[PDB]
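Given chain A, work out where chains B and C should sit, using these hints.
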Amino acid sequence: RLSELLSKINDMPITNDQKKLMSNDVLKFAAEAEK
Amino acid sequence: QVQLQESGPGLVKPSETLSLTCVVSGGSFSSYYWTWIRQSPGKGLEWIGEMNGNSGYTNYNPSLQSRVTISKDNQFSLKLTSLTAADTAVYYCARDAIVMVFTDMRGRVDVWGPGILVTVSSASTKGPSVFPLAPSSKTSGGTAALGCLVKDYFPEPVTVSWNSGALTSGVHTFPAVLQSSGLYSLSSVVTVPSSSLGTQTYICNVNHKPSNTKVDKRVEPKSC
Amino acid sequence: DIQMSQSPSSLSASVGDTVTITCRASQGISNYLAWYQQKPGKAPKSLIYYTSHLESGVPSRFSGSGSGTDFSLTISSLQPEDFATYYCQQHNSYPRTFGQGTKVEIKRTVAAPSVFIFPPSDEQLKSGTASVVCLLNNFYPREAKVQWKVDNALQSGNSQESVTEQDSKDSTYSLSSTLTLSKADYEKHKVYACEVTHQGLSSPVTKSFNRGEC
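Protein chains in written order, with the numbering used here: chain A, 67 to 101; chain B, 12 to 235; chain C, 2 to 215.
Don't read these hints as lab results, they were simulated from the structure. For every residue, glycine included, the Cβ atom is placed at its ideal position computed from N, Cα and C. Please note: incorrect hints may appear among the correct ones.
[To be verified] Sample of chain B residues lacking proximity to chain A, with all beta carbon distances greater than 12 Å (derived):
1. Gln12
2. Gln50
3. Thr92
4. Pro125
5. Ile214
6. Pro232
7. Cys235
[As the list claims (entries may be wrong)] Which bits of chain A does chain B cover? Going by a derived footprint, with three or more residues having C-beta under 8 Å, they are:
8. 67 to 74
9. 85 to 92
10. 95 to 101
[Said to hold, decoys possible] Capping the alpha-carbon separation at 30 Å, the derived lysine-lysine pairs in DSBU-like fashion look like this:
11. C:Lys184 / C:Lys150
12. B:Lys137 / C:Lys127
13. C:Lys191 / B:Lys228
14. A:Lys86 / A:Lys74
15. C:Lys191 / C:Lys127
16. C:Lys191 / C:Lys208
17. C:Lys189 / B:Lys228
18. B:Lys228 / C:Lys127
19. B:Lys233 / C:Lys127
20. C:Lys43 / B:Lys24
21. C:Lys40 / B:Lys220
The following block holds chain A by itself, in its conformation from the complex:
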């Protein structure tokens, strides 16, 4: 779920900058869900 979304964010036609923000936001849910 996380890896499938992170890898999809990666191939998007957006800036690197935005790729990282969305990446950070996604694994923010994964970390809070597991904490």
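For chains B and C alone, coordinates are given in the frame of chain A:
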């Protein structure tokens, strides 16, 4: 280590389709984004596009979007259609960053292929006429110039050596220029002592592999 | 498309010099700027990839800095293998875009060219076209002016120059200028002249021949 290698025809006709293939060595194709880049004297380096090495997902340059396809066949290919002269360039395949996750290496290339010269033109493959640039008849102690005019061949490249590789010092082989006929022309020149003209023989060895013509031209002082 | 502008385009340096190359981006790029090195006839090599990050194997004398829109590639204590063209590349946005490159060349003393003029061979004349070649041999710097004159009539737009890369031994350039002429035009005129102006020559140097005469 990982190595890339281009393959495909380096001579394409204007309206017809450019096809190139890049095979990956090292064994990590499905982990990285793979790219095509081209270099032109007029437009410099251009990013053609990228491809997710696992899924096949692509992102193209808007200027190329409507006629470019990158795809999996450790092998991936570039198809460019509806060409014009402006597509003449050295095409490189290259490795971007990993697909799995964003990394900061995203969008730059680390490993390149050697590159392939693709020539977009309607000209037929033709071998060169090699004409002598005779040394002037106008004294020992001074330096004479002589050469060969390698004229009206297509496509690039041609190689030029002198006396079968034995004569290297003072040799200048110039970049070819594209004439208005669409054929190439270059001169290869060598500087030698005037006093050796009566004693030494000077032969330029022109090789044009695409047309399979080799030409040895003895260049001598014209009399007169 | 984010436009990438490098300054300077050309640059003269010696072994042991510290050289820096500017790269300007039309917009912000979140500091995603890469640098590449390229030598004639070879594929470019990756140097740096996130303003400052050296690619593996790259000598530590190559350092990248900059921010916002202005970026610098600095080479501290230049080595003989560093003489090449350097490109910057933004890798934040799509499409990826490159600068026009900065060529780092070898500084040497001024050297006047030796000039040679070559008439079209009789062999070429048979075909119906005439090429007249003027050679400027081993000179420095690169900047050189070649003027063709046919019976004192200046020729323009009917010649083509190509230049060699700096010589490995003496770091000079060489230039071949080819004047193209129909056989008919060539047979109608006597004096063929190539005037060369260059920093190493106090006054221009003309090499000429008369058609049919030795």
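Against the structure, the hints come out as follows:
Under the 12 Å C-beta cut-off, the non-interface status given to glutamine 12 of chain B relative to chain A holds; the minimum distance is some 24 Å. Interface exclusion of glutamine 50 of chain B from chain A stands, the closest Cβ pair being 23 Å apart, more than 12 Å. Annotated as non-interface, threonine 92 of chain B keeps its C-beta farther than 12 Å from every C-beta of chain A; the closest such distance is 22 Å. A cut-off of 12 Å between C-beta atoms confirms that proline 125 of chain B is not in contact with chain A; the least separation is 27 Å.
With a cut of 12 Å on Cβ distances, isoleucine 214 of chain B stays outside the contact zone with chain A, its closest approach being about 57 Å. The claim that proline 232 of chain B lies off the interface holds: its Cβ sits roughly 65 Å from the closest Cβ of chain A, which is beyond the 12 Å cut-off. With 12 Å as the threshold on Cβ separation, the claim that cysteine 235 of chain B sits away from chain A holds: the shortest Cβ distance comes to roughly 70 Å. Here's how the stretch 67 to 74 of chain A fares: 3 of its residues keep a CB closer than 8 Å to some CB of chain B, so the rule of at least three is met and the hint holds.
Residue count for the stretch 85 to 92 of chain A with a Cβ under 8 Å from a Cβ of chain B: 3. That meets the three needed, and the coverage hint holds. Given as covered by chain B, the stretch 95 to 101 of chain A fails the check, having 0 residues with a CB less than 8 Å from a CB of that chain where 3 are the minimum. A C-alpha spacing of about 16 Å is found between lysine 184 of chain C and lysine 150 of chain C, which places the hinted pair at or below 30 Å, so the restraint holds. The straight-line distance between the Cα atoms of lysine 137 of chain B and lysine 127 of chain C is roughly 19 Å, inside the 30 Å bound, and the hint therefore holds.
Simply put, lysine 191 of chain C and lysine 228 of chain B have alpha-carbon atoms about 28 Å apart, close enough for the 30 Å limit, and the pair holds. The straight-line distance between the Cα atoms of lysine 86 of chain A and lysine 74 of chain A is roughly 12 Å, inside the 30 Å bound, and the hint therefore holds. Straight-line distance between C-alpha atoms of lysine 191 of chain C and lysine 127 of chain C comes to about 19 Å, which keeps the hinted pair within the 30 Å bound. Of the pairs offered as hints, the one joining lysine 191 of chain C and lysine 208 of chain C holds, with about 14 Å between alpha carbons and a cut-off of 30 Å not exceeded.
Distance check on the hinted pair: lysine 189 of chain C and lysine 228 of chain B sit about 29 Å apart at the alpha-carbon level, within 30 Å; holds. Under the criterion of a C-alpha separation no larger than 30 Å, the hint pairing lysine 228 of chain B with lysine 127 of chain C is consistent with the structure, at around 17 Å. A C-alpha spacing of about 17 Å is found between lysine 233 of chain B and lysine 127 of chain C, which places the hinted pair at or below 30 Å, so the restraint holds. Note on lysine 43 of chain C and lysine 24 of chain B: the hinted pairing holds, with a Cα-Cα distance of about 25 Å set against a maximum of 30 Å.
Taking the CA atoms of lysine 40 of chain C and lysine 220 of chain B, the gap is near 24 Å; set against the 30 Å cutoff, the hint holds.
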